[PDB]
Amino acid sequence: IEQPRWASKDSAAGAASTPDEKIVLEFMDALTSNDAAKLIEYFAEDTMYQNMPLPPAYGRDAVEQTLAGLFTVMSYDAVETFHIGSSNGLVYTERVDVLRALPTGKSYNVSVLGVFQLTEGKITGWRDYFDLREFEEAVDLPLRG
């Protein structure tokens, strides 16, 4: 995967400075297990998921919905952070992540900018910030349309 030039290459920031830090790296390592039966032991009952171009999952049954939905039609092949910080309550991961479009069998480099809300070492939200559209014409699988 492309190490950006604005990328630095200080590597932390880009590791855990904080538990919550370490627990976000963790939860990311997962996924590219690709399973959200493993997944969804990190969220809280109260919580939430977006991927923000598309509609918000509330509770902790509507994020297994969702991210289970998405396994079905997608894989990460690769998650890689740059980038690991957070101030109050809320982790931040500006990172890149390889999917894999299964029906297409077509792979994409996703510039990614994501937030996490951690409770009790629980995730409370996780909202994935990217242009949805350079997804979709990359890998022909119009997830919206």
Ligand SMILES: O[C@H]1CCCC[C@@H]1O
Second form
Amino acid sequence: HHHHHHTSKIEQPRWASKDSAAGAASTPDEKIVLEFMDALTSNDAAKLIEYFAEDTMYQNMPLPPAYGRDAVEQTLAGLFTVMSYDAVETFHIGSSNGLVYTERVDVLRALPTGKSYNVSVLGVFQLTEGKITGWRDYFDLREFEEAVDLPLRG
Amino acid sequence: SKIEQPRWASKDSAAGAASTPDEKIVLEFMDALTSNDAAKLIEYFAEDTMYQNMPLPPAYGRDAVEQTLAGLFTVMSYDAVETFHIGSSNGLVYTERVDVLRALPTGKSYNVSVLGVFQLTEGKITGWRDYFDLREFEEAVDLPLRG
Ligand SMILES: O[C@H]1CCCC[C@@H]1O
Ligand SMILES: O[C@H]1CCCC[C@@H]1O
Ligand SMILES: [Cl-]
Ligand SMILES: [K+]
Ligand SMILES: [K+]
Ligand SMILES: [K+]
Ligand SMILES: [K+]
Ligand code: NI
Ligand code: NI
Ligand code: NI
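For comparison with the form deposited without (1S,2S)-cyclohexane-1,2-diol (3ZQ), would you give the structure of this protein in the form deposited with (1S,2S)-cyclohexane-1,2-diol (3ZQ) bound?
Now the complete complex, all chains and molecules, led by this one.
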């Protein structure tokens, strides 16, 4: 067992547009996505999975995709066993053609190690009738792993 | 040596097409990338810009950006950049794409899954940030970039 380490709080980057609309909802889809982000910090897969279509998809890119609502829940749940969302901060959101884009920092705690880390993520969401048909997050896995002693690949 | 379109790519035939003047530019900026000319690419940038491949430190200012590009270009070159999804809002443009990248010391290639954001002011880039996993690139082409 290891104590919860300090949770370093979130830098507001120099490149963060200070047009305060850039990080604000503008479509019903965008509104949904932002709401979904807020749900992450609940670390509850049953809460999250309701946002998804049956015919959906989910992938942290340095990690294998989950195809199908059933696969996605397993992946989500799997993740929630070694890590936990403390905070999700979306600097920029935007949409087009059914896709929504979020520039974020996620604040995560590796459960086994108790270590915390702030992750630069750019995610894309696909919606269809208010339901997530795809969710893909882009980030660098090695530096999260190293930061919190949690080898996640393989 | 091609790029297969992944089963999750929007079949919306507009999704990957440039939709606004800012998105036309970004799409052009990336054909320009296969030139692998830092001197040319910097044309698209404003003086008050920044550039970061997020696994690597940011480059602030146009001269930094150019140099960091030039440096990158010493060890690698693009061969292709296919863009599946493109969209925008509030002067930011997002691209989901695949960069085929070749390592100059080893000759080995790797297709990189990328999601990038661009900030434009009056048709000039004032921010370009690519999100991707660095490790699987290195491991693929045997070219370390973050010791
Ligand atoms: O932001 C990412 C980082 C860690 C894996 C899941 C999360 O969605
Ligand atoms: O697309 C990325 C992948 C390799 C590092 C630089 C490039 O911009
Ligand atoms: Cl799909
Ligand atoms: K700047
Ligand atoms: K917005
Ligand atoms: K839009
Ligand atoms: K488009
Ligand atoms: Ni231990
Ligand atoms: Ni301890
Ligand atoms: Ni501590």
